[PDB]
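S.K.: Go by the hints and put chains A, D and C onto chain B.
There are 4 protein chains.
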Amino acid sequence: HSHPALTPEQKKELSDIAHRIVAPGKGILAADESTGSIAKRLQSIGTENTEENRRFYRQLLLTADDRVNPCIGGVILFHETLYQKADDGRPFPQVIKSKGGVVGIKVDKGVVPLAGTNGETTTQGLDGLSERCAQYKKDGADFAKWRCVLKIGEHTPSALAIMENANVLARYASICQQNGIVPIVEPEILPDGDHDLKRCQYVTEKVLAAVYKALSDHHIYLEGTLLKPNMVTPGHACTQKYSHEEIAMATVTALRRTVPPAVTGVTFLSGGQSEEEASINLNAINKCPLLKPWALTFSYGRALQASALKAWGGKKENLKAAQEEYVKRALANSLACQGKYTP
Amino acid sequence: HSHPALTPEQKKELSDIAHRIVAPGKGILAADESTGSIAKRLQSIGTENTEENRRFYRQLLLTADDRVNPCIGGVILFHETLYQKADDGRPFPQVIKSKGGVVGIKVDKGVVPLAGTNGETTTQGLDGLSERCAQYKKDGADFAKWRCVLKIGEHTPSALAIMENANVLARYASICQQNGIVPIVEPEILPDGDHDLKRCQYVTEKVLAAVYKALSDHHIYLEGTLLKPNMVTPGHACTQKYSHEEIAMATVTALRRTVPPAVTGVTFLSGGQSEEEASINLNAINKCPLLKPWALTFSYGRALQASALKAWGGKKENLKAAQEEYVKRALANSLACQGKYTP
Amino acid sequence: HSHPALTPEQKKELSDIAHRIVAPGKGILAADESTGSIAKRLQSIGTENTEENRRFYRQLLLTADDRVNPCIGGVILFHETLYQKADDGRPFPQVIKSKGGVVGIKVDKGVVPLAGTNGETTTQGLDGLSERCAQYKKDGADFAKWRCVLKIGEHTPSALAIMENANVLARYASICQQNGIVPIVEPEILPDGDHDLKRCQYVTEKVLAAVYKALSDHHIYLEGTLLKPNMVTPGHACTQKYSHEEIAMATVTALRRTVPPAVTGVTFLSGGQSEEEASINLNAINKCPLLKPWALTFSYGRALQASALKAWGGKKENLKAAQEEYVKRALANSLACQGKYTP
Amino acid sequence: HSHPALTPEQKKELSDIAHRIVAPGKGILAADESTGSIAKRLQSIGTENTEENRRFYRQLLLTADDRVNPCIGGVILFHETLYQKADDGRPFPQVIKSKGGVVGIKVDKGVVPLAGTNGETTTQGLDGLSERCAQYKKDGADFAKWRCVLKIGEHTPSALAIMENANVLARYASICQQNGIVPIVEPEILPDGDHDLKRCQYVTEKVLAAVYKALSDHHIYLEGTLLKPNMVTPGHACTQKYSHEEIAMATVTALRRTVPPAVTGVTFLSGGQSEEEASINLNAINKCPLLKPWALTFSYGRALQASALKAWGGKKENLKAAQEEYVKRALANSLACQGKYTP
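Protein chains in written order, with the deposited numbering: chain B, 2 to 344; chain A, 2 to 344; chain D, 2 to 344; chain C, 2 to 344.
For reference, chain B alone in the conformation it holds in the complex:
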């Protein structure tokens, strides 16, 4: 017997937010880096990690030129960045919503190793999640993000890891959809190792199928859900070389065999690629001559901001130039969303 999880108005908000995020030509900037990863990135660039530098760097990211207004539909933030204010006086969620963007927040509490596996981990962060999503919904967060990690090994991914990560993602998305927050499932598959297109494509199919079975099990309103997969790409130690067209064909085959078409949009990871390779691959994916009945766009953390961070270097007066650099990649990625990119 059916007791509906959602009223039709709840489905209306989830569908409208998911359509406004993944709108044609728009993408996702992921400024959600925690203090450890951003500490590594500020230590590489050669500055001290303080709250002021992090706030100023996200100022450099967020208040860039109005040319990125038809580029970014939504920005993912850390928890701390929701309660930081810009030097103009405006809080960063209002900064995001003022230029048409949507506020999100990365909500997981890290990765926990699973017993008995070969280095396989699950994700943490389920306690207090309804109250926290209610609080973030009061502060203007309209979508969320959760990151599960899987690695390709000798006999990994085992069935235990895929089942547990799929069940956790479905539980998370149910809780987020209860509170009027569009969830984004991110089934990340680690690119480390040496494996061809074929095996990585294979485990991509198994992982995405288990995810969508668990989503059907937990009554998830799939019209208000976004998918964040990685491009099927060979391992870093894999010796074989492939054109970008084969990678695009393999991605659209791995999606067209799994993703049911009510899922509103597909946002890709960069996954340790270069700044240009991700845009080239996404432009290839948007040019693949099969029938792709959803939005195909980008959600790039490092691939948007890495070289702009390099051109910043920790000095304020370089800012505009660094900001200009960021805009460049954004504009390129916008073309990568519509297939009209050419390098």
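Possibly wrong hints are sitting among the right ones.
The calculated EDC-like cross-link candidates involving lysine to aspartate or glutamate, where the alpha carbons are at most 16 Å apart (straight line), are [stated by the list, open to error]: (1) 139(C) x 224(C); (2) 110(D) x 132(B); (3) 317(B) x 53(B); (4) 293(B) x 224(A); (5) 13(A) x 206(A); (6) 214(D) x 132(C); (7) 110(D) x 128(D); (8) 138(B) x 278(B); (9) 152(D) x 193(D); (10) 317(A) x 53(A); (11) 293(D) x 128(C); (12) 214(A) x 206(B); (13) 229(B) x 195(B); (14) 110(A) x 206(C); (15) 152(C) x 89(C); (16) 110(C) x 81(C); (17) 110(C) x 128(A); (18) 13(C) x 224(C); (19) 214(B) x 206(A); (20) 214(C) x 206(D); (21) 110(D) x 128(B); (22) 100(B) x 132(B); (23) 110(C) x 132(A); (24) 242(A) x 206(A); (25) 293(C) x 189(D); (26) 229(B) x 246(B); (27) 229(D) x 189(D); (28) 329(B) x 278(B); (29) 293(A) x 224(B); (30) 110(B) x 132(D); (31) 110(D) x 81(D); (32) 110(A) x 132(C); (33) 110(B) x 128(D); (34) 317(D) x 53(D); (35) 13(D) x 224(D); (36) 41(D) x 52(D); (37) 311(D) x 326(D); (38) 311(A) x 49(A).
No lab work stands behind these hints, which were simulated from the structure alone.
M.R.: Frame of chain B; chains A, D and C shown alone:
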């Protein structure tokens, strides 16, 4: 680790046959009625059930006018009809392939009641299936058909019935794809009872999701598979009345939430409807303003041939008129495949 | 391929602790009541809820006579009670271990309603659980407790609720076994409603089978795990009446069809029964003439302490008499563990 | 909601037959060899395979001395042997029931390779099984046998093979229990290869857990079911050497972690061992100092009859001596059932 079930040439035959079957404007005639059901139908029309009458009736179905040549892409036969010859001397598979059609065969051995359930049955017919499909492949059968039955009850469909029927369908489709025969999965849901659009749509989602999970489990090459679902329609004792647009919206929602887009085509059942209601509903489904990234066509057993059987009546000299009647429905259903039908 | 979750020494501690807890004639006192439930219980008895009254009441429970030393193998505490000290100066974990008992702690963070179900809830409390169990292991907690809730309804328990609760229990038990803490799974089935012995026995089989499948999936060392089920008992509004022998037969049938015999012991709930009915039923269960290859004992929260709380009334000078009352039930329950109870 | 598969009288026959089969000190002779395997065995001994030689050899097996009357509780036959008569005039089922034995029949139709796996096969034989079991029940068969095969490889047994074989075994046992025939599940794991005690024990746990989950899913009355597992033994190419006590400890650990204690008895395979090694191992298993709450006995096809077949050689006049040889092993195996064997 991946050991591929299919060579790329095997995928090439399966994809080419599935594309030739479900080709735009073409549909499936199901003349696969067994001796009991066709015995009931000949007893209703008032003639004796012999081999000669069955052969002559399928002669009346199969050698109709050449106007049905851009109508039927494929015909489903009983096992016996593959070894019957027409009075011209040509065997019925050659009759089918001569006018552009593709030979199929219904291969299941009936329904067996499941213990402990409330009148829920599974399907039979797995033994010797590889040899039988090899034999039918030698005789010109290029696709198959398997029919599982589920009924909507108080606490039915239980999880046991859906799991067992999905596993049996996947096992069947693996065996058929091994031998170069395109399988057609038919997840029939019984329209008996009293239930709204909502509950029947709900159990349609659960059943189709479990089916596609089991197909992903058994490495089924989904580009060479056809789907045969029923239209989500209220029960026969249900008191509420619905327009055909609501039924079309519910069907395309129940498909767009489940069917991955590599599945080549969707052929509907008639499911106890009238001869005109099925064509009206299919014309509505082909006019629904959502994105349907596959072929939507008909596979009508009774809805093609019932009134033509009525105009036959068991007398040979009425034949042409009866045949003319059949052509009428076929032409209508062809328009129901392309959305340009108007009654 | 097998990467063992546990070293053999880890299996040795888990087995030794589980054997010391469930030792023949010993049981579990559950003083783990949170502030809301104990607030309701102090408000019923007519005293104000303060930290001093809670500490003093658990003083009344814990420092009772030495006759309960061969009665209680282990005590379950709230988190707060681990950091309260007795008026002698000794902390309550040392109080427990001084008279032969083992310290436990209830670790879940409550129940969260599942979307789309009919009032079905999951359990919360997975974040930070490895660090918290390491901290409690430093403070002397050797076992844990987690409480999932399921209710018998019209079409409930659904498959979603049982699957999610089983996966959460297995994840919890893996985390606890990683840190050297013996987990106790508690699959509680709510006794509310009107349902016979038959349906409650049925859903007990389904729930326990799904739990043990998920435990086999997560590589749980079942020799170091305790099971906390409820006795299969009809609903509160059920009109049919049953002898205690039928309830004992149904419990031992529902366990002997599911529990694999390496699971070290089975501790029952009281589940809203009377103070005497639970002891009578447990004495019947220990007299059932089938082969029960494990320890069958009690884990009684209310059924040990309710009437002793009544004889306390919130006044200190009644203490000993109230404590004497507690000892009475404990002694009775000890006989209920060995089948030699007679009321 | 519960609709009981079995009336209590049906449970009474299943329990009584299962108790009479596995009765203390009794075992199972498996004369169920099909024409191919027995053709290989008659070709090794150097005689022509005819119906007369097969009938005469099973005469040599079945009408041995009355000292085997407290040895064999039941005999498994091929289908053909049920309709062969002895030279006295009595049919072989009456021969079996006259000396206290129970007639069984091997009912599967062989093994079929699964697509996409690495040499993994499922089992066949489900069609017409209710009618065939009704027919064998009329002829005096009171139990059955079904044999699924799994091999230990690099990345095998995969989850697909274990799931499919468990579902097929449960479906088979439901059908057999519907007709009043006690099923015997045989989850055979192939001993070929090189693998330690540890990995074979591991996959034994996974396989048996999946089997019992599928049996709980299909409402199987486990008091009327027998289990036929193999002893966990290293591979034929494995270099490490183990005492028989370690093999006995590993078997009783692999059973005590999985088998719920209502399953009436456990009958072992010989599995390519010597004639003496199987009896030594079973005597060790019956001497393992853990709590084994079921009957542990033998079901030996080759290990009972191989050397007796050797002492036959295809000549009639050696018969008695050959028969005497058979009795020897039987008597030894009877002691192997009670732990009082000493070689």
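S.K.: Determine for every hint whether it applies to the structure shown.
M.R.: A quick look at each hint next to the structure:
1. 139(C) x 224(C): 23 Å, violated
2. 110(D) x 132(B): It holds: about 13 Å lies between the C-alpha atoms, which stays within 16 Å.
3. 317(B) x 53(B): Holds. Residue 317(B) to residue 53(B) sits at ~12 Å (cutoff 16 Å).
4. 293(B) x 224(A): With Cα atoms ~14 Å apart, residue 293(B) and residue 224(A) stay inside 16 Å; holds.
5. 13(A) x 206(A): 30 Å, violated
6. 214(D) x 132(C): 33 Å, violated
7. 110(D) x 128(D): Satisfied, since the Cα-Cα distance of roughly 10 Å is no more than 16 Å.
8. 138(B) x 278(B): Violated, because 35 Å separates the two Cα atoms, which is more than 16 Å.
9. 152(D) x 193(D): Measuring from Cα to Cα gives roughly 7 Å; hence the hint holds.
10. 317(A) x 53(A): 12 Å, holds
11. 293(D) x 128(C): 39 Å, violated
12. 214(A) x 206(B): 11 Å, holds
13. 229(B) x 195(B): Given that 16 Å is the threshold and the Cα spacing comes to 23 Å, the pair is violated.
14. 110(A) x 206(C): Judged against 16 Å, a Cα distance of about 36 Å means the pair is violated.
15. 152(C) x 89(C): Violated, at roughly 44 Å.
16. 110(C) x 81(C): 14 Å, holds
17. 110(C) x 128(A): 8 Å, holds
18. 13(C) x 224(C): At roughly 10 Å apart (the allowed maximum being 16 Å), residue 224(C) and residue 13(C) satisfy the hint.
19. 214(B) x 206(A): 11 Å, holds
20. 214(C) x 206(D): 11 Å, holds
21. 110(D) x 128(B): Judged against 16 Å, a Cα distance of about 7 Å means the pair holds.
22. 100(B) x 132(B): 28 Å, violated
23. 110(C) x 132(A): 14 Å, holds
24. 242(A) x 206(A): Violated, at about 22 Å.
25. 293(C) x 189(D): Measuring from Cα to Cα gives roughly 28 Å; hence the hint is violated.
26. 229(B) x 246(B): Judged against 16 Å, a Cα distance of about 21 Å means the pair is violated.
27. 229(D) x 189(D): 8 Å, holds
28. 329(B) x 278(B): With Cα atoms ~15 Å apart, residue 329(B) and residue 278(B) stay inside 16 Å; holds.
29. 293(A) x 224(B): Holds, at roughly 15 Å.
30. 110(B) x 132(D): Answer holds: residue 110(B) to residue 132(D) is near 13 Å, not above 16 Å.
31. 110(D) x 81(D): Distance ~14 Å between residue 110(D) and residue 81(D) Cα, so the pair holds.
32. 110(A) x 132(C): Holds - the C-alpha atoms of residue 132(C) and residue 110(A) are around 14 Å apart, at most 16 Å.
33. 110(B) x 128(D): Holds - the C-alpha atoms of residue 128(D) and residue 110(B) are around 7 Å apart, at most 16 Å.
34. 317(D) x 53(D): 12 Å, holds
35. 13(D) x 224(D): Within the cut-off at roughly 10 Å; holds.
36. 41(D) x 52(D): 14 Å, holds
37. 311(D) x 326(D): Holds. Residue 311(D) to residue 326(D) sits at ~10 Å (cutoff 16 Å).
38. 311(A) x 49(A): It holds: about 15 Å lies between the C-alpha atoms, which stays within 16 Å.
Comparing the model with each numbered hint stated earlier shows that hints 1, 5, 6, 8, 11, 13, 14, 15, 22, 24, 25 and 26 do not hold.
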